[PDB]
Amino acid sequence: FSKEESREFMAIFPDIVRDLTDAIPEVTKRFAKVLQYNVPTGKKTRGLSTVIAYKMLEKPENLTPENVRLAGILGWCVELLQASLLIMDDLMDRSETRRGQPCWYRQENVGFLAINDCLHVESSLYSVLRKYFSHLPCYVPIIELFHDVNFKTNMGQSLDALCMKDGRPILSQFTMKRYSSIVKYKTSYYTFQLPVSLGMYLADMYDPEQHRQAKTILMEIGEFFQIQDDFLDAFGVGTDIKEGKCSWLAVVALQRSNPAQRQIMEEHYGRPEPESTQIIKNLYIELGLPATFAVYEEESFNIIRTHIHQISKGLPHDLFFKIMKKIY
């Protein structure tokens, strides 16, 4: 997560913009604006994770400036996929802002054009893959991984939507089993599996059992990341309560609620009125969810640490500890 790692990664971004525009002009001019607004925002943890994965998997003699740059181009393809997913999500959730910026669809003379922009950005990453990877053995595996992860992410987004009806949350749907499945499909595949598997393919590591071993730990890391994120939304302005999100806090609240407290969740969860958010926050404090999170965090850390030490098939343990360090 160092400043020098960020600068190395950002140095590639102008080339990505040139590749997808310069390299019908009013569309290409506009698309340069789409890319610069939506793609290089946030901390770029997923793109940087792709570069770090490659650096810790590849043979030192192969870690040339050229090959490290290729890993960066792969990282930007992950950031292109994310940008597409978040443009769509912000449209679907009718959100006002993301990471301090207005949601792309809310910008002047965007509106419903954000729908095509979402698909355009997703489509663009396969142009980048063709330009830089078409001559390599990792080309087809990388293409198939992106298509597979995109499909799985759409399945996650749909499962998330099946926890809401007529603008209200369906609290009967808020089970730990459904929560775990939403996090796995909607977040963990594209956030954790995709960067590491891309690093492995670029380092010409194709053993399916290596990818399966990596997947097992990265799905556990992914679940912790999202539970910590859900916790910090309320206790870390967080809008999960107002939005009626199937968050870990809401799932555990319903597990620990008596009938009177279940009725409070029924009446007040996913309501825009200021009194509702405050009533839910008060209930979360009353149910001792911060204390419950602290216990979960310790147990999960020790289980994941143990599982990383057990990773077989000659994978570097240090890669998973560096990722797991960044989360915790």
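Residue numbers count along the first chain shown, from 1. For clarity, a rigid core is taken as the largest C-alpha set superposing within 1.5 Å between two forms. First, how it differs from the form deposited in another entry.
- After superposition on the rigid core, the single residue among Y189, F231, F133, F146 whose C-alpha moves by 2 Å or more between the two forms is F231.
- The Cα position of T277 differs by 2 Å or more between the two forms after fitting on the rigid core.
- Fitting the two forms on the rigid core leaves the C-alpha of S300 displaced by at least 2 angstroms between the two forms.
- With a cut-off of 2 Å and the rigid core superposed, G167 has a Cα displacement that reaches or exceeds the cut-off between the two forms.
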Given for the second form:
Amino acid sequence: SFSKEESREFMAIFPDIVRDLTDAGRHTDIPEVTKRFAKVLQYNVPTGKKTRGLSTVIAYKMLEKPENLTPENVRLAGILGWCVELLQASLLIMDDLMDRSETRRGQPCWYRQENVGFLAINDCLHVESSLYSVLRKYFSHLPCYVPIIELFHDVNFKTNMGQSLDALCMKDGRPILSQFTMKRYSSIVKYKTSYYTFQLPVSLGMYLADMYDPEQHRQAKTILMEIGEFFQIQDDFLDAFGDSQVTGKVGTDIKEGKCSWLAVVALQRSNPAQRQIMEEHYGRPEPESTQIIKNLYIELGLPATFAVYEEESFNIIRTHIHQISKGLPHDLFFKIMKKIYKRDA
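Can I have the other form now, the form deposited in another entry, not the form deposited in one PDB entry?
Next comes a single chain, given without company.
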């Protein structure tokens, strides 16, 4: 899975989605806006790695009865995966505005383009609303239609709650370091990342396979939230220690005063002098201050701590998969974990 041919099949759907949203004989009185929206979609939607959309297809293929897999049902699963990518695209447009970011996917953040600015808020809302038009076109005659619409709206609401908890790291221009606990961290990640990134693809595949039992969705959730916590911890590590040419994004968490995994572990490990460095220099726009924090992270050994976590967490999650209900395919969870951890074994 996550093969070159699966990517080919998935990518082939995107031009049809753009046609559905911008050139299907609708809104023929406002071609200026529809032609612009095609450019919004081209810049912002297909420019990532598509792990969430591809995972929606893989989940469906592993949950559906083999006999029921047809080219037509697999294409439906691919359309659902593009609906997840429309949600991702929307969330990153708004996130980059909120985080004052420079680059995304190796190009300027959308809001930084000429004649965009705060119009990016509208483009964010427009890209998310688009997915419900796609759902109506392709799924309106199936039993899974309403549960899928409701899952997208509920996951959006949850993601908004997580984005708000993430944003509340700062008050009056200074970080609330005494509240930067691992408990707070885990709550932020659950809501701002794990539901939409990991739960949504798998629950979509379950619904398209006519699996409505809330206990099956809950058994999946326990594993998927553990994978999501690693995924966001890795993101946080790379914000400070990654190469922006490889990640496609310039880090901002130290300047923005975020309750990142690095900040939480730094506060756990700091002696009183190091805690005073955090108090003085964390969450400041001055470049000296951001470099002083990075130097503290190096002094505290946080890169080795992250490398240990990447190894240990893989093995803990693999053990937990073994304990999932016999009713769910254990190999779906192993495949997701292997892709996220960039391991074949």
